[PDB]
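*Asks:* Fit chains Y, E, D and X to the known structure of chain P by using the hints.
Residue-level listing of the chains:
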Amino acid sequence: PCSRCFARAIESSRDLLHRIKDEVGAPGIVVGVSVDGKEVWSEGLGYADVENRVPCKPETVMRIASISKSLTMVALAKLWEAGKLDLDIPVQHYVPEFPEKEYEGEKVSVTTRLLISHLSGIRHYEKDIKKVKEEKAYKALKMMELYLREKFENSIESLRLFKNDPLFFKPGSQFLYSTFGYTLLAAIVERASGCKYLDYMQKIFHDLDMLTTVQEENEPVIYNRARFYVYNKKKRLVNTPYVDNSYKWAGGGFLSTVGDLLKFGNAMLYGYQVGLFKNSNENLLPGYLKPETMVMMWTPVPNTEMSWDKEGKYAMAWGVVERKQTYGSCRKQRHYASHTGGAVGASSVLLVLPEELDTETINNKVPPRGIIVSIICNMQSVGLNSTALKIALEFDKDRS
Amino acid sequence: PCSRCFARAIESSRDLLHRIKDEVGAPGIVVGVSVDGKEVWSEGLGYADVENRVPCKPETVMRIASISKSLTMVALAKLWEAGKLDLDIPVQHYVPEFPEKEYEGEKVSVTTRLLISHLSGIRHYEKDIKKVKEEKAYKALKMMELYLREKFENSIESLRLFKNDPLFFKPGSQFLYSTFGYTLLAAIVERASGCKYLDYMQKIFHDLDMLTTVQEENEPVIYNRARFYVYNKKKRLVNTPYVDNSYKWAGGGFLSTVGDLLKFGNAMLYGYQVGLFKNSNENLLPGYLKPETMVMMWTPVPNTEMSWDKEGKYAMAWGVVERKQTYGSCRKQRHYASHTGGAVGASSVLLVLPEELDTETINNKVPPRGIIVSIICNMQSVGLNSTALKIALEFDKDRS
Amino acid sequence: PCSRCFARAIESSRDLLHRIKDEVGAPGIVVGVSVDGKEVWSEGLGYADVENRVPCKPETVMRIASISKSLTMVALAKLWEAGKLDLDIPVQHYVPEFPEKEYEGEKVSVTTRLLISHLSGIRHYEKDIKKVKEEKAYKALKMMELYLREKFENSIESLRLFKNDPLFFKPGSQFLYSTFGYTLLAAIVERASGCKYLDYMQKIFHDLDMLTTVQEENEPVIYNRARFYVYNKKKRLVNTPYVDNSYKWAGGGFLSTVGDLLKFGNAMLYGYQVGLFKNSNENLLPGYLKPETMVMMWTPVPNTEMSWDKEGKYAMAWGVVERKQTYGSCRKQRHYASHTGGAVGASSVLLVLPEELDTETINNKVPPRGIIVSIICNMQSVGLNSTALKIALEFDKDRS
Amino acid sequence: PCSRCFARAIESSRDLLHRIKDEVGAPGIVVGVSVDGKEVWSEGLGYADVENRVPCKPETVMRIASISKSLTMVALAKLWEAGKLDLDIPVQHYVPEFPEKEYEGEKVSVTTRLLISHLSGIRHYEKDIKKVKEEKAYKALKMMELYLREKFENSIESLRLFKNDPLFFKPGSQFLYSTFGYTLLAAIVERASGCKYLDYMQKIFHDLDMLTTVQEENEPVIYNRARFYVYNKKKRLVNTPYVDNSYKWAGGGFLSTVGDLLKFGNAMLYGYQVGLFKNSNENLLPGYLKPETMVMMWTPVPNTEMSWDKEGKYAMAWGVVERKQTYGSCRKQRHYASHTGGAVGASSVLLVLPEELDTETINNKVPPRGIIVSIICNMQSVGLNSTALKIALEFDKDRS
Amino acid sequence: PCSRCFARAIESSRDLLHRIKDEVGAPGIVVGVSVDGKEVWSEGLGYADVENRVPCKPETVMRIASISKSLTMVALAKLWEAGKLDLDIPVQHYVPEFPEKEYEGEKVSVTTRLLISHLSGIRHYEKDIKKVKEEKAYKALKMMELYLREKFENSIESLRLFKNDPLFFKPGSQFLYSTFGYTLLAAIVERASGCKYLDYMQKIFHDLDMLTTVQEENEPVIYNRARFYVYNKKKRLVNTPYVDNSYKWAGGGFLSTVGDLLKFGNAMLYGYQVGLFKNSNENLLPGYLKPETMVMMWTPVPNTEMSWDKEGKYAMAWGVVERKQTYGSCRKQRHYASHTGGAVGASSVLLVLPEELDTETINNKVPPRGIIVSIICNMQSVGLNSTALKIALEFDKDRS
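Chains as they are written, first to last, in the UniProt record's numbering: chain P, 99 to 242, 291 to 546; chain Y, 99 to 242, 291 to 546; chain E, 99 to 242, 291 to 546; chain D, 99 to 242, 291 to 546; chain X, 99 to 242, 291 to 546.
With the rest of the complex left out, here is chain P:
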């Protein structure tokens, strides 16, 4: 009966996946979805490796990009729950190597909270400050290094790329997406925890049963590793140039499968929703994080912009769209959290759709309720947020 009921939504999801794959022309794509904490459908299309004629499989491993930032935020929250990390203390307390910076001749300080929400003013890959300022001013008026090859031994050495770069804007003033901030966050994690960042992340993965997740390293052998392709100026499929992501481990230097992302999403959803089911049953296992911490996360922050959805705002390393209803019989906004990551030669997305719970459902139902959708692709510059949202809505509607 579970599969019999879940026989129409799977077809529509497969049709949407074919539609987006044909629209973008990607060689292959893998989709994985979990319903109420239980995986119900996993499928792959196309070829993981065009040269060797390797078909896509649910066990295929690809890049995840911003999922690394999400996991870094999870590690930061775990450290903060232990009291070893303090958010508003200036970063120079933990990392004296970072020099003190002044904006417009004024003494300013940057905190971990500003770094999480990309409000510290740390520059992005773009170097010309004038171009960035002009673009931001134009956007405001309208509203009113990537291919590096060097390998970095330690996270501290990675700071050399941007330690001397002056701040583009005043801290906590303007939203500016950046990735070096997460490198600084990884350095903070290493300093506070006293252990290597990779070891801590591996321990977290083992605790979360995310076995297949691992960093990007060329020398070690990694099974079911796929390839990445781009279209050239002649509209012909070519291979992605080889790059090194040793300095972007917290900012996108990770690989994983759909199952690990589904497990991570289910764990996050359980941690969020456990704080409400406690009054109904005391036999439920405690969540991975305290409910207060989960409420602190996924909370929209003012003056932040959600790039892949204009209706939402940037939460703590997440994109959250709040429930909204303004006029009668008009558009009803749904509550969901998602993050889109785009690396070179690949694209990915992870979406969480919590269920709306009344006072009667929680009486005789398990705490983890919702839909988790994960889609990974081996083509760069692909937007999969809308497709994931549509698939999640279809599954929610078809849930018997």
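Treat the hints loosely; a few may be bogus.
A short list of chain Y residues far from chain X (calculated; beta carbon distances all over 12 angstroms) [as the list claims (entries may be wrong)]:
| # | residue |
| --- | --- |
| 1 | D120 |
| 2 | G142 |
| 3 | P194 |
| 4 | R211 |
| 5 | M241 |
| 6 | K297 |
| 7 | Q320 |
| 8 | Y388 |
| 9 | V512 |
| 10 | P514 |
Below are the SDA-like pairs computed for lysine to any residue, each with C-alpha atoms no more than 25 angstroms apart in a straight line [stated by the list, open to error]:
| # | chain 1 | residue 1 | chain 2 | residue 2 |
| --- | --- | --- | --- | --- |
| 11 | E | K381 | D | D120 |
| 12 | X | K136 | X | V152 |
| 13 | Y | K176 | X | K240 |
| 14 | D | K456 | P | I350 |
| 15 | D | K297 | D | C341 |
| 16 | Y | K381 | P | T386 |
| 17 | E | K297 | P | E291 |
| 18 | Y | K381 | P | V384 |
| 19 | E | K379 | E | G144 |
| 20 | X | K543 | Y | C100 |
| 21 | E | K297 | P | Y377 |
| 22 | D | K155 | E | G142 |
| 23 | E | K231 | E | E200 |
| 24 | Y | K380 | P | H116 |
| 25 | P | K231 | P | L305 |
| 26 | Y | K459 | Y | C476 |
| 27 | Y | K470 | E | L431 |
| 28 | P | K536 | P | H116 |
| 29 | Y | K381 | P | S527 |
| 30 | D | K234 | D | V206 |
| 31 | X | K456 | Y | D355 |
| 32 | E | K155 | Y | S546 |
| 33 | P | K379 | Y | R117 |
| 34 | D | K543 | P | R102 |
It is worth saying that the hints were derived from the structure and are not from the lab. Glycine included, C-beta positions come from ideal geometry on N, C-alpha and C.
*Replies:* Coordinates of chains Y, E, D and X only, in the frame set by chain P:
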């Protein structure tokens, strides 16, 4: 046993089709192959219409381009066999509307034979004579209107586009591929036969059992008609702009399926090979064209260039590669004839691979022997000659 | 009957291949053999790609190394037959960019013949002249950059690596294997022919029917491309680090399959043996190279050393062992030519075993007679010369 | 139907075996698995003897190492059930030859229970106490003779190697893996039982139907005996030097096949699970050991470390991982027992995966339920625990 | 198995029926097909009566038009077999009421054979002889009353409409389709047989089991009688004006269902094919008509034109296309007989597709072999010949 033996080559052909489709990113592709005058495999991949989710089928209808030129040449040969057409007589005898032209102040004349081999010097879509001359000179040194919307009532009116254009080169001097020459050939056919060109072509199709072949007209309903797509500057799939091909009926204004192309190729092969099996059996039916005419066709012409194969030369509206062997244990050139046609939003190819016959095979075998491969695609600027050649070679090798 | 007779030697060859694979521990290996100009056996063992579980196939593509030097020598001989190249003229005539060099304050000149036999004194990857001199002196007494990543646009720019390096020894005095000499030879070929080296090599491959042979480039897609593996300090299989071979195109920057190597060997054997069968039949096709040129090649040069066989001497870009018989009932030396190439993460070998022809065999036999053996492996530092010789001897013995 | 259902998991297990064999480069490997007390799959890969070209077979005999310790523990438990052995009595009661030892000038005693769990402080092959202490201290801070040739006539004489060696740590204080402790245990068994250790072990094997199990002796003929290989400094396969294991009979001086290990595991599982099925049926045969004794075994001991799995603890001569579940939707720990043994030139593993039984399954099912996996290899320093666990999980999932 | 095999062709036939119905816009359509003398599929689409919302059914009764002419020819053949009718005798022998006519002042006579093939020159509904002559002359050069309301008591009185009309052309000279000739034929039948035409036709229907066939009369009640519709000048569906067909009983004044037409076609096919199966079995029942008479029928007559198929010729009240094959691998003409009838407000078609029989099929097969297709529509001016031919070809191809 026939299908059991033809179980390995089909898999390899399908793999090659998938490879080329993924390399070019075409939404859909259809393949049709005939062995020894009998169709053995037809298959389609992708979606004929992305918007309406229509899968590709062997009955799908797409543009054919240069197959129209091939059929026009067939009609010209049929008229010439009846004695109503004379090749070397100047075209002004049949079409007085075409003005006499002089090159470098010298009286020159153009014949149908020059028009067939693209040696008359008639300009192509390019208008600047200086650019064409510079390109041809550069090519020689190295060796050493499309989106028109107007509908044309009659073929005579189509001459207005290029009747006043001066000749780019001396007739019969330099090879220059052009399509208006075939419009002039269609006018010649209408004048000589005394009937409409479309009626004559329809009669030829009915004789050749090519029922699904028809010209491109928007108003009439045509079943299983597909769509055409292009990639924009943002590497996103878009729709092909609407165009009118009333003036390019002989030059690419036709639609057909794989089966009709296979039938046409089989008929041409039978007409070519009937002249040799006559001494073995007098019960064989006569070919559609006389063997002498078939020998006159498919004969390479000097000073002509085969664009899609540097090892061949342009025959009479065909691309023929002659059998060649120069050194021992070196490359052995195979004998085959093919023509590649590329229109807006679509691409197609038709290849004929005659079999090598000894004095013993013809004693107890039917006259039509060879492999015919036809591939049609709904993506512009695609080269399918190599894939068709590989598929034909695979079938020839696997022929039990 | 041909396969029935060739049923015992194939088993022994497969057993020897398994033995060497287990002895070295290579993940995969591919073998290809041709008898009397006709391929009789092709087989692959292991996995081409351990990560994606891709089994080895006869169509697998791997590095060839010194086969590139052999092909460069073939191109040089082809140019010399046309009279455009003169061996003993100093290289400064064709390449003025190379500065004149003096040894021990004496004016000396280097010729193409010295470069071919590695007698010009050009340094190898080793930089310390003292160590090289000490090693050579120790060897005489006993007898009595690789991981570069930069891409080079043109062959002329590749000379920057060693244009200012002083000569280690007097030209034509001591044998010293080197690869930059073949880069200089490629520059000479480009200067003399007036065309790009890659275009000339592609034309040669097309003439020789070596379609799958192509240079090493990461961006273009190459089907059936394999991977390369090395053993680390912990005796665990790891991946080979990514390297660029733009400056070693003539010195090992090429990829090919077993079939192309077999075709090249058969062509060379036919060119060698055609000069003797001419008196018996005038219907034989001329060889790819003149018999006098083939006799000039494969001729041992004094003061040269064959690294992989102490019983032979270095010919013109080949390793030739002459027929020898000194005492009665003692070891009888066979005549064969072979070249072993070893790149990073891969190893390969190509062996030619000419047949001994009497005055009676040539009366009623085809000119190309002999055994060609080709073995390619994806493990570095592997010696496959002995295995190839044993397989060739087994096939020669078992030839009914 | 049993084989039809067991058609997918076998393929995955074979693929994993190939993967690990290629990763380590072992010449050969043998796998044997039993499902619910019935053997379902046995297979061998590679060559048992590279020199004589002997392929691996399920009947191949190799070293087992720590399986000897497991069998010694089984014999000790059997003796203890008869009341002839007392655990907490000092060993000097049974073996007066062992001198009394004092730690830090304090009278201390060692018991059989301490010896079983490696808590007696008996030194390992390492002789320098300072190095061992430094290594243990470093490990604690981070957390916060082999090639002997002499033959020993009797187990008592084997004590001469370590009878005078002072204890490294206080008894029952720190975990320290050692093998001489099991030699002392064998001496205890000989003293208490009054018969030879080998005779008692042979009787146990005969009772357990482990016919092929036998000690390592060069003089007697043993059928299907394999060879052992190591990689040298030049990454070339070599032969293992000849060694004598007369003093390590309880510590690794035994040989067996996969079938005997499967039978032993099935017997242990039946003995463990018989104590629960008694209330459902009185017709079941009694287990080889009392259920209370089986519960006493496989019980994790505090302050012990499981070397091959950080998630488990060292039980009585076993490695047991307890079932664990801390957070919701997080990693769920499975309950299993396994032991990994590594000798010179060979490696082996034995894993037991008990099934989770509810109150309904035991009503109509046989007592022995679970999966037993045994893997033996002829390459030293190989970790096969993860592969065995994955194979067992695959079989459990695929169990129809 | 019969229905399982006949599961694909039915779908294609239904699709074609939907296609033609949508193309013409008919309110309803009914199809009936018989395979090898056994009905296999009957279906109706749309509404028989739009006003009363009556869906179309296989039992729906509609007009048949030229099927009345076919039945009249059958009756004439039956009378001729009895010797009571003589073809070449002038009609004045049987019907003295018809005056003798002279063409161009020359004595001419008309026979029943001329009337059957429409060669007697009797005028059609058109009255202006000049227009008819001009149209026929134009057609030759290119190649090189309906709404009457009066009721007629007897067939003799019906001759008053055209008894005084002069002949348009010389008898037996030019083909001219007409319906008054069949009225004269009905008068001939009444005179020769001595009984009423309606009684004879009713007896024939009873013999042929065509129960539902009956003439068009308003007063009597006829069950399942449908309605007829036409499109007005405003492209809106309207009702067909009431008309009387008392004088067109032999020329289209009849109603029937699909089953009766299928039975009639099966009887005709059996009568045609019985003459060949006689030598194989003497137990077969005699056909309704002698085989010689059936051969005389369905025989193309020179100087006759088949209006609905240019590839055929008009036989005796039938349209027969002969088997033809002129060139190799060209169009192969199939042998079939069909007749299309078009009345006011309705259209119908009946097609017979005989099977090709070899010397082996007739040994162990029943005489009636072939496909019968009948389609009736309630929209005027509809051509259903092509659809019926396609359906018959599909059934023939799909016949297991």
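*Asks:* Indicate, hint by hint, whether the structure satisfies it.
*Replies:* The hints, checked one at a time:
1. At the 12 angstroms boundary, the C-beta of Y/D120 stays outside the reach of chain X, the nearest C-beta of that chain being 32 angstroms off.
2. Under the 12 angstroms C-beta cut-off, the non-interface status given to Y/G142 relative to chain X holds; the minimum distance is some 17 angstroms.
3. Every beta carbon of chain X lies more than 12 angstroms from that of Y/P194, the smallest distance being close to 25 angstroms; the non-interface claim holds.
4. Remark: the non-interface label on Y/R211 is consistent with the geometry, its nearest Cβ contact in chain X lying 26 angstroms away (cut-off 12 angstroms).
5. Chain X leaves Y/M241 outside its interface by the beta-carbon criterion, the shortest separation being 40 angstroms against a cut-off of 12 angstroms.
6. Residue placement check: Y/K297 keeps its beta carbon more than 12 angstroms from all beta carbons of chain X (closest about 24 angstroms).
7. No Cβ of chain X comes within 12 angstroms of the Cβ of Y/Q320; the nearest lies about 38 angstroms off, and the non-interface call holds.
8. Interface exclusion of Y/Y388 from chain X stands, the closest Cβ pair being 23 angstroms apart, more than 12 angstroms.
9. Not every CB of chain X is more than 12 angstroms from the CB of Y/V512 (nearest about 9 angstroms), against its label as outside the interface.
10. With a minimum CB-CB distance of about 6 angstroms to chain X, Y/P514 fails to clear the 12 angstroms threshold, and the non-interface call is violated.
11. A threshold of 25 angstroms between alpha carbons decides the hint, and for E/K381 with D/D120 the separation of about 12 angstroms falls inside it, so the pair holds.
12. Taking the CA atoms of X/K136 and X/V152, the gap is near 28 angstroms; set against the 25 angstroms cutoff, the hint is violated.
13. Taking the CA atoms of Y/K176 and X/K240, the gap is near 21 angstroms; set against the 25 angstroms cutoff, the hint holds.
14. For a cut-off of 25 angstroms, the pair hint linking D/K456 to P/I350 stands: about 15 angstroms separates their Cα positions.
15. Of the supplied pair hints, the one linking D/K297 and D/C341 holds, its CA atoms being roughly 20 angstroms apart against a limit of 25 angstroms.
16. Between Y/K381 and P/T386 the CA atoms are separated by roughly 16 angstroms; this keeps the pair inside 25 angstroms, and the hint holds.
17. For the hint pairing E/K297 with P/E291, the CA-to-CA distance comes to about 18 angstroms; that is within 25 angstroms, so the pair holds.
18. With a CA separation close to 14 angstroms, the supplied pair Y/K381 and P/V384 stays within the 25 angstroms bound.
19. The suggested pairing of E/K379 with E/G144 holds, with an alpha-carbon distance near 23 angstroms, which does not exceed 25 angstroms.
20. At most 25 angstroms may separate the alpha-carbon atoms for a hinted pair to count; X/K543 and Y/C100 meet this at roughly 19 angstroms.
21. For the suggested pair E/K297 and P/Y377, the alpha carbons sit about 21 angstroms apart, so the restraint of at most 25 angstroms is met.
22. Restraint check: the Cα-Cα separation between D/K155 and E/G142 comes to about 23 angstroms, which is no more than 25 angstroms; the hinted pair holds.
23. Using a Cα cut-off of 25 angstroms, the hinted pair E/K231 and E/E200 holds, with the two alpha carbons roughly 18 angstroms apart.
24. Restraint check for Y/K380 and P/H116: the C-alpha separation of about 20 angstroms stays at or below 25 angstroms, so the hint holds.
25. For the proposed pair P/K231 and P/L305, the alpha carbon gap of about 24 angstroms is at most 25 angstroms, so the pair holds.
26. A threshold of 25 angstroms between alpha carbons decides the hint, and for Y/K459 with Y/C476 the separation of about 21 angstroms falls inside it, so the pair holds.
27. As the CA atoms of Y/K470 and E/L431 are separated by approximately 12 angstroms, the hinted pair is consistent with the 25 angstroms bound.
28. Among the hinted pairs, P/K536 with P/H116 is consistent with the structure: their alpha-carbon atoms are about 14 angstroms apart, no more than 25 angstroms.
29. The hinted pair formed by Y/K381 and P/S527 meets the criterion: a straight-line CA distance of about 10 angstroms does not exceed 25 angstroms.
30. Between the alpha carbons of D/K234 and D/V206 the distance comes to roughly 21 angstroms, so the proposed pair stays at or under 25 angstroms and holds.
31. For the given pair, X/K456 sits about 15 angstroms from Y/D355 by alpha-carbon distance, which is consistent with the 25 angstroms threshold.
32. Under the criterion of a C-alpha separation no larger than 25 angstroms, the hint pairing E/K155 with Y/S546 is consistent with the structure, at around 24 angstroms.
33. Of the pairs offered as hints, the one joining P/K379 and Y/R117 holds, with about 20 angstroms between alpha carbons and a cut-off of 25 angstroms not exceeded.
34. Simply put, D/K543 and P/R102 have alpha-carbon atoms about 22 angstroms apart, close enough for the 25 angstroms limit, and the pair holds.
Of the numbered hints given earlier, the model fails hints 9, 10, 12; all others are met.
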